[PDB]
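With one protein chain held back, the other chains of the complex are shown just where they sit.
We just call them A, B, C, D and E in the order they show up, numbering each chain from 1.
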Amino acid sequence: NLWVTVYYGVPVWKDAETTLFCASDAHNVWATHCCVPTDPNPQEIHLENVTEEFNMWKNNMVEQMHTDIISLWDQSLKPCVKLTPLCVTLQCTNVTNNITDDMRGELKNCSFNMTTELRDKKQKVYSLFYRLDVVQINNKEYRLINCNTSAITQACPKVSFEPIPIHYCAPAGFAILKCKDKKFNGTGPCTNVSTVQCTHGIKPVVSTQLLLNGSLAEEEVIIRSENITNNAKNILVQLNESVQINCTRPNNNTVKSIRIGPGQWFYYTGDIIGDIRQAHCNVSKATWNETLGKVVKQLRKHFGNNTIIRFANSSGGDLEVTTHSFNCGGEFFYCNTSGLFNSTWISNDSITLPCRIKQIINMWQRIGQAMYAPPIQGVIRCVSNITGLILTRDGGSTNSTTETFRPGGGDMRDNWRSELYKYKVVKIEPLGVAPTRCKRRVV
Amino acid sequence: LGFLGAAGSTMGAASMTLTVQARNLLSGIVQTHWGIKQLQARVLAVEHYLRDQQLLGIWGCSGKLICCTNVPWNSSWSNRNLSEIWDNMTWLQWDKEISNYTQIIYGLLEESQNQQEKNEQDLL
Amino acid sequence: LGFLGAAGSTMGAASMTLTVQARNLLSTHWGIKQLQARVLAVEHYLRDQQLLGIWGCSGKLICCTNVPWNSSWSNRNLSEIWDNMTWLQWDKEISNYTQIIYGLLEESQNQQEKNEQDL
Amino acid sequence: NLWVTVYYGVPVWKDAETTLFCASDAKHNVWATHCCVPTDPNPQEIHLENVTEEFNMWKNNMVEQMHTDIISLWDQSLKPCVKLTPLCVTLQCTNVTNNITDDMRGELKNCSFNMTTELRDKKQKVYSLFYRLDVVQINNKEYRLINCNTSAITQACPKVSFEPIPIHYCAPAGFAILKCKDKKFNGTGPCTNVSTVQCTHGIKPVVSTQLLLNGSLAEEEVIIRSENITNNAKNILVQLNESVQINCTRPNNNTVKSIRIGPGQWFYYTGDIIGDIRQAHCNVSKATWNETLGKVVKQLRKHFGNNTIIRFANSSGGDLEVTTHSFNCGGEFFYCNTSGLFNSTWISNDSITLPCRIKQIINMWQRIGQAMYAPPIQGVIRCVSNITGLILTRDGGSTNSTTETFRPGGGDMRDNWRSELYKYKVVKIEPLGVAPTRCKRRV
Amino acid sequence: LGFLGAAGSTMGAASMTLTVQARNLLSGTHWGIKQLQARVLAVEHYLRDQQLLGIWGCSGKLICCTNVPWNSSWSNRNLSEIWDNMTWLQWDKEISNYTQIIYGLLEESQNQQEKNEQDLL
Partner (left out) sequence: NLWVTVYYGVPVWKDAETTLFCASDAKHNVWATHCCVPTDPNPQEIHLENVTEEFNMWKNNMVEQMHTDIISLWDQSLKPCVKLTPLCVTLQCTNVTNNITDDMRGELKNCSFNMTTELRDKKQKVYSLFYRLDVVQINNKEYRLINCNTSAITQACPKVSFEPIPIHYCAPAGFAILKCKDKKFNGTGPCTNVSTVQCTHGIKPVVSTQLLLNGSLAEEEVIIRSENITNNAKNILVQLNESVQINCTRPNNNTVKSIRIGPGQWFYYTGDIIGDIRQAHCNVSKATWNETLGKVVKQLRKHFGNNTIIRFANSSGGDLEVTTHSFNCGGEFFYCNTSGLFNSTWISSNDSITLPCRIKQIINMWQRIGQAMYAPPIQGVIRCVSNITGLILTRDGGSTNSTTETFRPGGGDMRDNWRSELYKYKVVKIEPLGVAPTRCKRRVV
């Protein structure tokens, strides 16, 4: 009765992994890379009667995100002035004047020899450094902290790294499926799915401990975790309300520069204008307490209402392991959140978090060439929105019904999973067959 | 309707949306080692397009979005009525259901077309 | 005659040189640009071939279609178009009505494809 | 009545920008190495009967590629050459006074410095002669090379030739080159003597400022072309219909010396001179030049009126690259005075010697960045070149006095190639189209 | 037999393997470029053959009769020798100096045929 009929242009697809295009809305690094415009605005086709499975922890879009961000970064530093000539013995003293007690020992006044553009001529340099970038050799002799492990390169002062939003676009033959179910927890079937050509804009914001300047959850705190009962996994907490945080490095500065080589310029500090104070960030405690209450009741959904949830500080490690970390106006801040994660939940009033500043940056947890951040003239202040948190369980319980949670942090991929969880990439497969009462006519 | 808007539609309902589905396979007209990555992506799109076109040519369906063949449908693959298949089932569901017979049908279709051309030589 | 040679004559005359024109289409830093150029030529070729397939007459140099000609595009008579105009002039004359036809051709192609299935 | 008929292989086209490739018309030079692709045994030009087409040399894109290609090639060829960072040392210099014609007082200086040998610890005292044009005072005084405060210095490789052998540009598949053969084509607008071709003729990538050497000639009369005739913000290009020869020399007999300054790293220097010191210079017939100007002023009056007076004056000032006639002769770089060529008023041996300067370190392309350095050339240099055209400018600020002074012009290197490229346009071939007919598909 | 298994077989016998041969033609920083160049040229060759069959009106066939007569100046061998004794490798050598001629005979007869058909609708 039935015969095989071949149909081409069949609207079906398979899971697939491909290369994506980066595009943006028309000197930074991002816009000079993601040069493909997102300027036109076609939107999406909702798929009626389509259920599809998503898994944010098994996605590869995040790998492409991670890889390309790092590669872009390296390309941007590639053509900049090297600091090799700076790996010399430094003679340093302490800073005792015009400084508060809390800052004593943080800064050092160093003096050293440097070359000039002529090979047989040298100059003395006087500059001020943070102790985090300088170690003792054993007034005392010091060296820069990374001259024993890797080359140090100065980032170009005219290159902006501002994380403008970027969009990813499918290559022809592929499509991006998007889950818009407000209750989606990161895995499994989603029944409200639309198809798009490009993702919405995502800002490639880099941070530790807290998730800044991302999307908010819709009407609830959503906690997404690959393995809920496994303390080896972190959890991503998405808030439906932002929390405002005001950060600054309040002291005024000077920026000086010298020529070391043939058009090779180096930037450094000199003096602090006014006195010396600690960098810090301000959050109202009222909003912080409200935020935690929302998070805590959400956590209890997996532990029981009667569970006591305690917060505590980081377990230990380097600054990129234990502190909050972000770029504010081009500067690199490390903030102590131990006084933030200090409550226990049992069934303006601001908080100031002290912060440290560091100029030699080991990015991506990749030991290799270090980046040097030249100083910024003036006083830096910025305001950011906290949109989520990275936390961990201690685990190792005795079923006490009480558990302490710690700020997490670690991998950077997680910073993008929080935005990319909604997207899936598939390959279109237009060819297929089906039965029909139609025999080919043979002549 | 729109591209892939027919994905949740029944197989029958979706049979009339094939032109958009086919046209957009070549939509990538308008659009460092980065350039190399994208260059390969373009090459792959071409390679996929061509393997499907060659196969339709092999089966004698080069001029058709929809072609009847002389390979009978085998009820052992899916012993279900035509009415369910076209009016209730969607193409996504259908494809999953017959995903383990693809290697059979391609072989049957290749030889069936070869047989017809060979048989034509007795006319010529 | 010569490739692009017929451009000096009428639309009608040029109909026998279509295979001339159809023949040359497939004729460390630096090589990147050259390889991309080769890719683009292929993409343009394939697009046009796909469109002819979309519009039914995939194998013809010339095909009549089932889309009627509109006087709103051109109301000039054939006795003047085919004999007095060149293809360049013609293309310039109807340059607004391209993107619409491409769509009309699917409409006038797929209906008969359906009315071939019920055999 | 009428139906749409689809045609494929239709002989029509559209203006386009695509990438062209180069070919060499039949042995270490850069041009031959790069344009390794052979040219056709003979291109054919197909005339198009009954056509008119519009060309515009100032809106061309072929020139942009030529510019890009020449810079790319230039740099790629210099990438593997010896870097001369070791020369940026304090120099001890005095004037050369023996056997010097008074016109050459100053100019050369006798410098001495301590150069690094292939071993790091050993140094040599090296003596050499440099032109003052490449050397500045630091303040038997201390001196440095002019570019040690700006950029890297690279020695151009002595084994690499830059002879501007003519290169042909060829269309990629799907594209064609149109050529304008009209005798009077002024660089813009409709052209009726139109033909098509696969490739252009060979164009010699000759580089010069002010006066154009070894280019094409006008076929009937001197023709002057400009983007905007009445706008003094634009230059004018004069294509002569007859060539004028210019004889250029560097009379001093140079002895080349060299030193190994690294592991197979060789530096070449000027050594000393055999015989008396004389200045470089160029010879042009006066009568020939005067006749040439006559031919030019006749064309200029076509735009300005019978009653006008055309005066010529010298350049306005600036870098040697713009104030002098900058060109390569025998591998050496000449910066010749041209005031003697532009000192006359036209109202409605018999030769001139132009003095020339020689400069070794060059900021080619008007780029700020690394500068090439010519190696010294052994012996005495002589060449004879053909003057084929000029770059000129209007004075501007006219009071309608009927007298106008023209000044030597100059400009971007692209303008030197527009001189050939005004004859060409590139288009894309578009084989599909439709037309009406009394023919319905036989459905 | 399998891909190229028919290479030593006679011309007639070899007509039975035309689709294995067809399928295996298509279903395939300095390093990456060498690979891409190979892939691109394979496509270009593929397309030329398809284009040419299209030019001749043979795109829908593995084998097509044409309107161009066979010449004794190319081969004066018996039809039975050609199909029953000879192989395609031998044959290709035998007529290797005429293929470039034949191609344009096919082009013209196809153009005349399409024109004749156009005149009838």
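The criterion applied here is as follows: a residue touches a chain if its C-beta (ideal position, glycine included) is under 8 Å from a C-beta of that chain, and two chains touch if they have at least 3 such contacts.
> Using the touch definition up top, pick the residue from D:27, D:120 or D:442 that touches the left-out chain.
D:120
> Given the contact definition stated above, which residue among A:147, A:159 or A:382 touches the chain not shown here?
Hidden-chain contact among the options goes to A:147.
> Even though one chain is hidden, which residues of chain A still touch it in the full complex?
For chain A, the residues touching the absent chain are 84-85, 87-89, 113, 143, 146-152.
> What chain E residues would touch the chain not displayed?
Residues of chain E in touch with the missing chain: 1-9, 11, 14-15, 17-22, 24-28, 30-31, 34-35, 37-39, 42, 45-46, 49, 52-53, 56, 58, 61-70, 75, 79, 82-83, 87-89, 91-92, 95, 99, 102, 105-106, 113.
> Even though one chain is hidden, which residues of chain D still touch it in the full complex?
Residue positions of chain D that touch the missing chain: 118-122, 260, 263-264.
Assume only the chains that are shown with their structure count from here on.
> Can you compute the centre-to-centre distance for chain A and chain C, using the mean CA position of each chain? Integer Å is fine.
It comes to 52 Å between the two C-alpha centres.
> Just curious, how far off is chain E from chain A if you go by their C-alpha centres, in Å?
Centre separation, chain A to chain E: 59 Å.
> At least two partner chains per residue is the criterion; list those residues in chain A.
Within chain A, residues 436, 438, 441 contact more than one other chain.
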